[PDB]
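The data below hold one chain only, encoded as structure tokens and taken in the form deposited without the ligand.
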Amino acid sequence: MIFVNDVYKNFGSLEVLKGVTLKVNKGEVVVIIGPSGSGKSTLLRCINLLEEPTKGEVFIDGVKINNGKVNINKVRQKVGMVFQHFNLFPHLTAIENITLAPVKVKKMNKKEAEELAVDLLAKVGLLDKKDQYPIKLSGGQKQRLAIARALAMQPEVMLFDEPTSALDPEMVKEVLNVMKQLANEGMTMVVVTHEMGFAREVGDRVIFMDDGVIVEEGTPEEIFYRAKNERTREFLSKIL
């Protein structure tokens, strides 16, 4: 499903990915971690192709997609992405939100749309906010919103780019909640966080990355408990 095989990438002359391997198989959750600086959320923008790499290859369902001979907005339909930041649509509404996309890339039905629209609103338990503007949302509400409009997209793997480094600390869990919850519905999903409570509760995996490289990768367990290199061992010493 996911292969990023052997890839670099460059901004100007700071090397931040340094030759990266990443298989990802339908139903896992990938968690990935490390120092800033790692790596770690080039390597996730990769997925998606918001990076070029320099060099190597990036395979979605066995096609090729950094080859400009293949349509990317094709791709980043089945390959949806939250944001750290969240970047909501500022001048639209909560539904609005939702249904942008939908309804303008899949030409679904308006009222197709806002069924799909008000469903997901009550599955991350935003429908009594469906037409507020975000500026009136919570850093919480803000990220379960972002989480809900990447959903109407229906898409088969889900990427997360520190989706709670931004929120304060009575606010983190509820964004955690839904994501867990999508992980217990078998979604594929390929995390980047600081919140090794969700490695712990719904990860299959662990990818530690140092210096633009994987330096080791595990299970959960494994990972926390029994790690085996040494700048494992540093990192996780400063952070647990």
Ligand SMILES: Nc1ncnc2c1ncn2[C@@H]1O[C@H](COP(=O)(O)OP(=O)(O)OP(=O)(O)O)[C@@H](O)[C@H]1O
Second form
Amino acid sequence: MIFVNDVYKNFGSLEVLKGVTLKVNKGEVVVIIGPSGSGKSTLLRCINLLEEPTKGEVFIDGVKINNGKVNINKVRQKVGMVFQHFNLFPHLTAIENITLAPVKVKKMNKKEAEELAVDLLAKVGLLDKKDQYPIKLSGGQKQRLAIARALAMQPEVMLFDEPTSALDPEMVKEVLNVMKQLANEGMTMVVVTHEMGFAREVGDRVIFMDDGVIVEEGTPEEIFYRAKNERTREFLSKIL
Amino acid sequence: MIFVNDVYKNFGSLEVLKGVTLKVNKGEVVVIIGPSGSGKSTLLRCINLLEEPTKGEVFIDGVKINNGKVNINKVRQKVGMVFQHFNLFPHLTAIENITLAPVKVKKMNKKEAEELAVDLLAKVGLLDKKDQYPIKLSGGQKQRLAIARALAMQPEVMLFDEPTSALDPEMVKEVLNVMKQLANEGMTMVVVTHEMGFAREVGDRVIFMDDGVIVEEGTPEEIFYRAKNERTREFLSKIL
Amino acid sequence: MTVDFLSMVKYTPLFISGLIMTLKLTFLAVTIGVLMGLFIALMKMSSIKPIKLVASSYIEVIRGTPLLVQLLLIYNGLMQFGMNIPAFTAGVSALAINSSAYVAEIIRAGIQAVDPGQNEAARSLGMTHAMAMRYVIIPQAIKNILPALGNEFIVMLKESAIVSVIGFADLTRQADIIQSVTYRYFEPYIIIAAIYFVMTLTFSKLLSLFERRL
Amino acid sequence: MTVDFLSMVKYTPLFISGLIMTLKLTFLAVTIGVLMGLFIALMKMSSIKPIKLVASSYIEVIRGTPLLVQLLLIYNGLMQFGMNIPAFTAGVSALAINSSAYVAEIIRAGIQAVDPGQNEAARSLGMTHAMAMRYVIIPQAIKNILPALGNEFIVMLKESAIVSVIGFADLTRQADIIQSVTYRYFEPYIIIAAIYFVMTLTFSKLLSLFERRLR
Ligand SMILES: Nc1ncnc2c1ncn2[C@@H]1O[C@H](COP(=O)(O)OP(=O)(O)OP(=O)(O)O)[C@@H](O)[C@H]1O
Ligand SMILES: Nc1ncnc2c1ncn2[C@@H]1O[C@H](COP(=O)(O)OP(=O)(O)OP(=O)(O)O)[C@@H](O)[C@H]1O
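Rather than the form deposited without the ligand that you just supplied, could I have the structure of the form solved in complex with the ligand?
Up next: the whole complex, starting with the chain shown before.
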């Protein structure tokens, strides 16, 4: 499935990813953590080619997607992405947000897409809000709606690039719950987050990144209770 | 000392403070918490008149400071304010930031003000950074430096408007530690924060605001374990 | 002599004629400048490297060059080729042209203005550059452009007073016409300036009021 | 007839002369316009209701009114009072005045531009509006203002081709002068336009280069 193979990335003189490999298989919930500038979101964004590795290759489902010889629009159909800052479409209603891509990319039946959206809206508890615009929505409502929207294209993996960090604290539980629920239903998830509770409670695998590298990785409890690396412990002491 | 007496505040149609009273006496560390829009930072800002109450009065040291018959600069000489966003002076160096107000407001001796600054810098652990400019500083270095500057005008109270909210997580301890140290030293503090740890560790009193009102208040352990009001419980439930 | 505005009252039909001339000139020059500008924009968005380079150079040239010289170049410069284009068409062409470049930059700017996040959301949901543009970005860049356009028209009005120098019967030319029979220059200008002013305010009122709606 | 630029070559001294005049006109008009605008700004900052109201009306009027009409108003409008101001002084005045309004608005915008947070830090440290302004705010607005000014001058250059119609010997006027002896308009314009272009590029380049040095 996912295979980020020894990729590097620069932004000008800025070296962000200094050789990173990440494999994730169907069903895993993989959570990536680390200090600011560690390379986390850049790694997560190489997966669906939202960034193009300065070097290295990324395969999804066994086929190389950064050789320029592949339809990336058919790739992002499989690899979902939830954004830190919600990226909802302002001019569209809740349902309209959700139903848009399926109708125009999959060519779905408008009545069918309505029930998909209404299912999903209901799933993430935004049913009463279907015809509201992405404005009368609280930040927590926003992210749940964004999540419904991504789901409506039924990806095989969901990328979460810090879905909670631009949320007032009273708003973080509800979004994290939706995320837990998805993991519990077996969704394949790669998640970049500051919320170590989530890593503990639903993480299958935890990757600690520092200075453009994976310095250590293991299970939630290995990483949170028995961390071997010094840089791993140092980071954890500051946060926990 | 501080006495905010039943103030209200509007910003146009927006009613933010709907009648709020707050007395704080010398030595207290009072922490204000609550959902976003509760009015927390506006209340905090009426204290040194960074906002003008649509109604009500604020007395500090027994004297009403919002009657327009009092020198407001000599008021803020006593009342310090730390900012969520650091609000440092970018064109000035580390020392230069600290010494500016004292030299120009108190008319301090430049040599004396220079010796004061190196003390405060060592205090907040930034001595090696004395000449550098605010931009080469980490967010954590920034907020600690901001604190040094505020102290150099030697207030009798310090106002803290979410001094940790714009900081990477690995950076929050150091700023919170400094604040705690001051608390330990008997500094009078009013603190608006998301960090309940601080209130737990050095807080004397906790204020819970909701919808422009103080809905409940007590000691840290009172509020965090035995909160009486439903809204307090509801809010705490989402965040603890 | 000395100031007399009351004497100016009889010449109203001239001013009104001048104004109506300035309006009719600008409304048409903008209208063309817009359609031209949308076209130039699309050229700079074309994958074909040649076309983008021309539209880039065209835009870079007009904007970096005086409207007056563009006026004279068309009018005077085109004579020696056996071309005698009316002052009216010269000014329209000159304006619609100067207009076109700034309109082409407003468009581009209103697109780059919509948050790069909107695009990422769209591409990351499988939508192609085409679809992303049609259903997401453009509908939002439009709300960026209309304000800057209406504001351009408002500028084109002040602009258009220059075609007076080519002998077009615009609002500015009426001062010459008037003084020829009155020997007064001052009063007819103050009136004309005041007229340009009120035209500016009014459109600016409607421009910002139409803006607060979006 | 048909295009011939090669014949224009001998007229170089004219173009060179036209340019140096365009330069002298704009440079002085701006130099004045700036100082003028700076003054207008301070007035709009006055507590005094009359002074603030006039500087606002002045600015409101010049910006919302054609440069041309301002030129003619000074030149032609002043004749009937026994005033005969040279084209040069007329063009300078028109520019320095039109310039001054956009300068007074550039300044105000460069101040409003610096983060409202900066004033707060300073005021909250005991500093008065005066002190806050001198030691914190203004030093930061300057980096906002110098760029917008230099960008204004560049605009004042294109602007100034308008004093040609008043019979001033500027770079644009050279095309009339030449054609009187050539019956050619096209070539001398394309030349003059080309010169205006190159002046633009040159200054815009140095303007951006001076920007990266401050910011
Ligand atoms: N030129 C750039 N373009 C995009 N991202 C960049 C660039 N330079 C640095 N980055 C950073 O590389 C980071 C790798 O993620 P990391 O988590 O280590 O950083 P962070 O500052 O904690 O931000 P976040 O926690 O939101 O990812 C990205 O988060 C991003 O902020
Ligand atoms: N300078 C200002 N002018 C007008 N309204 C403001 C200003 N600052 C904040 N507000 C508004 O005041 C209301 C209350 O926000 P405030 O920040 O004072 O309290 P809070 O939301 O509890 O604190 P915080 O947002 O810091 O968590 C909000 O609706 C906000 O938009």
